[PDB]
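Undergrad: Here is how the chains run, residue by residue.
2 protein chains.
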Amino acid sequence: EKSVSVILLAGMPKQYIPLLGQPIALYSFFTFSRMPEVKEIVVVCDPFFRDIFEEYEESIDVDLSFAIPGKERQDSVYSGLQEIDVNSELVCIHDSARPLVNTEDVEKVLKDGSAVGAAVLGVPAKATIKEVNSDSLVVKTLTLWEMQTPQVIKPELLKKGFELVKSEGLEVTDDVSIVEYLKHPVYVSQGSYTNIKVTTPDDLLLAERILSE
Amino acid sequence: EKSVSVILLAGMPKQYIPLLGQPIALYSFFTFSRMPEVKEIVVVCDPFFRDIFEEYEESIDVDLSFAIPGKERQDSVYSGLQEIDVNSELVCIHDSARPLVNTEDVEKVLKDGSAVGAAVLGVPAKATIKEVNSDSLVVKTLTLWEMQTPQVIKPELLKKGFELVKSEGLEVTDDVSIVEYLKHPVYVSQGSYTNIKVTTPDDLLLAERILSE
Ligand SMILES: O=C(O)c1cnn2c(O)c(Cc3ccccc3)c(Cl)nc12
Ligand SMILES: O=C(O)c1cnn2c(O)c(Cc3ccccc3)c(Cl)nc12
Ligand SMILES: [Cu+2]
Ligand SMILES: [Cu+2]
Ligand code: NA
Ligand code: NA
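Chains A and A', in that order, are what the protein sequence lines are. A prime marks a further copy of an entry chain.
Taken in order, the first sequence gives residues 76 to 86, 96 to 226, 230 to 300; the numbers are from the entry's author numbering.
Taken in order, the second sequence gives residues 76 to 86, 96 to 226, 230 to 300; the numbers are from the entry's author numbering.
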């Protein structure tokens, strides 16, 4: 109970576009806030948009906090991280552009991150995917998973991760780069294909189509 | 309701010495936490001592947050201020070395700070007090109040106050110096002589003697 801090990345921009009357960011915001495990939500957003969340503060069963976004996604995470409760035992990082994450999937990834130290929701990639070299030739082989959010990580591990990133200088080029640099295991919790990220005009449509089905 | 953020200055050090079994800092901590007006307490303390407060987190009706102290009292306040809720309408700064503040006095100073923008609990000075010049001669005259805490201030005013202090460079030498520099009025709410600050060995004794009377 109340052991999880959520860092909600929400920094109109796509995540504030209404989906059946409700700004996209609020769907996942509410799904987390209903979970007894979740103590607090740190929303990382431009101050312009804070009222979208703060309107619901006395109606939700979590503490709401805010953090200013950074230039890169990892900067926004770090800013978020600085606001979580000092004794939270797990941090749950979520992209607000994924409004359709199911409670049941969040529960799974929370359990796996608690168990392993670091877990991310993933689905099996449907496309044929190949590594290609700098001569544009296929790197051959004789299973790939697409990562979603949440990403759930013990805060001490995330902090050592940042310390390593900051000090060395090492690059974040994809969304699981910090934990990779540690030699700590990262579990992939199987999610749902419905947990789409809303990027395009077209995605907005897909999300409405899924909220009605 | 839940419009007030308390900045509790608690950065053994005197404020952690037991008074009938309970570290001094917890007396005012609990008095504020029982007040419906109070949304959150930001405790400004060395991380060593955080557990003293965090033990009571699920038993109190406020959000608990922490801030790292600074070198001067005003630095500790500013650190505190950076952690309060973005829409809190009043900040209540209290010295944890004043464990005996009465709820009724806190209520008064909250009302006065809300009304005026800035209020502090005070009592009439009992001693004969004189201004003295640099030749050690009395500066003559043909009513003085001793300030206590809480100090209650609208956060926007406290922030402009800090902006002015930081930029100009002006000195804080006493405990109402920031608001003085503004030309905004500061109301003195009459408190109680029992609201002692625990400094000496002897004070510790006085506080026990007052908790029993
Ligand atoms: O923000 C980025 O772009 C990023 C780059 N790397 N990386 C990470 O390693 C993590 C930690 C994590 C990965 C997998 C499962 C749980 C936590 C995060 Cl939360 N963001 C990033
Ligand atoms: O920390 C100090 O030493 C200090 C120096 N000046 N000053 C202030 O003007 C205030 C603001 C205030 C004063 C009176 C009533 C309400 C708020 C505070 Cl809260 N601390 C200080
Ligand atoms: Cu898409
Ligand atoms: Cu004394
Ligand atoms: Na509204
Ligand atoms: Na205890």
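One should not assume that every hint holds.
[Said to hold, decoys possible] Away from chain A', derived, C-beta distances all over 12 Å, residues of chain A:
| id | residue |
| --- | --- |
| 1 | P131 |
| 2 | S149 |
| 3 | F150 |
| 4 | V170 |
| 5 | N171 |
| 6 | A199 |
| 7 | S220 |
| 8 | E233 |
| 9 | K253 |
| 10 | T281 |
[Stated by the list, open to error] Derived EDC-like pairs (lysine to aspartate or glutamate); straight-line CA-CA distance at most 16 Å:
| id | chain 1 | residue 1 | chain 2 | residue 2 |
| --- | --- | --- | --- | --- |
| 11 | A' | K77 | A | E138 |
| 12 | A | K155 | A | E233 |
| 13 | A' | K241 | A' | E167 |
| 14 | A' | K77 | A | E191 |
| 15 | A | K77 | A' | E141 |
| 16 | A | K77 | A' | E138 |
| 17 | A' | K77 | A | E141 |
| 18 | A' | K77 | A | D159 |
| 19 | A | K195 | A | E173 |
| 20 | A | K98 | A | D262 |
| 21 | A' | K270 | A' | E243 |
| 22 | A' | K246 | A' | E167 |
| 23 | A | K77 | A' | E139 |
| 24 | A | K284 | A | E250 |
| 25 | A | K77 | A' | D262 |
| 26 | A | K98 | A | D130 |
| 27 | A | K77 | A' | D145 |
| 28 | A' | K77 | A | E142 |
| 29 | A | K253 | A | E139 |
If you're looking for bench data, these hints aren't it; they were derived computationally from the structure.
We put the CB at the ideal spot given by N, CA and C, even for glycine.
Undergrad: Please go over all the hints and tell whether each is borne out by the structure.
TA: Each hint, compared with the structure:
no. : hint                : result
1   : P131                : 8 Å, violated
2   : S149                : 8 Å, violated
3   : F150                : 6 Å, violated
4   : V170                : 6 Å, violated
5   : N171                : 6 Å, violated
6   : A199                : 24 Å, holds
7   : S220                : 50 Å, holds
8   : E233                : 36 Å, holds
9   : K253                : 19 Å, holds
10  : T281                : 33 Å, holds
11  : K77(A') / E138(A)   : 13 Å, holds
12  : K155(A) / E233(A)   : 24 Å, violated
13  : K241(A') / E167(A') : 15 Å, holds
14  : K77(A') / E191(A)   : 31 Å, violated
15  : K77(A) / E141(A')   : 11 Å, holds
16  : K77(A) / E138(A')   : 13 Å, holds
17  : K77(A') / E141(A)   : 11 Å, holds
18  : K77(A') / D159(A)   : 32 Å, violated
19  : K195(A) / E173(A)   : 12 Å, holds
20  : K98(A) / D262(A)    : 19 Å, violated
21  : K270(A') / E243(A') : 14 Å, holds
22  : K246(A') / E167(A') : 13 Å, holds
23  : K77(A) / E139(A')   : 14 Å, holds
24  : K284(A) / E250(A)   : 29 Å, violated
25  : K77(A) / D262(A')   : 38 Å, violated
26  : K98(A) / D130(A)    : 13 Å, holds
27  : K77(A) / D145(A')   : 15 Å, holds
28  : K77(A') / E142(A)   : 10 Å, holds
29  : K253(A) / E139(A)   : 36 Å, violated
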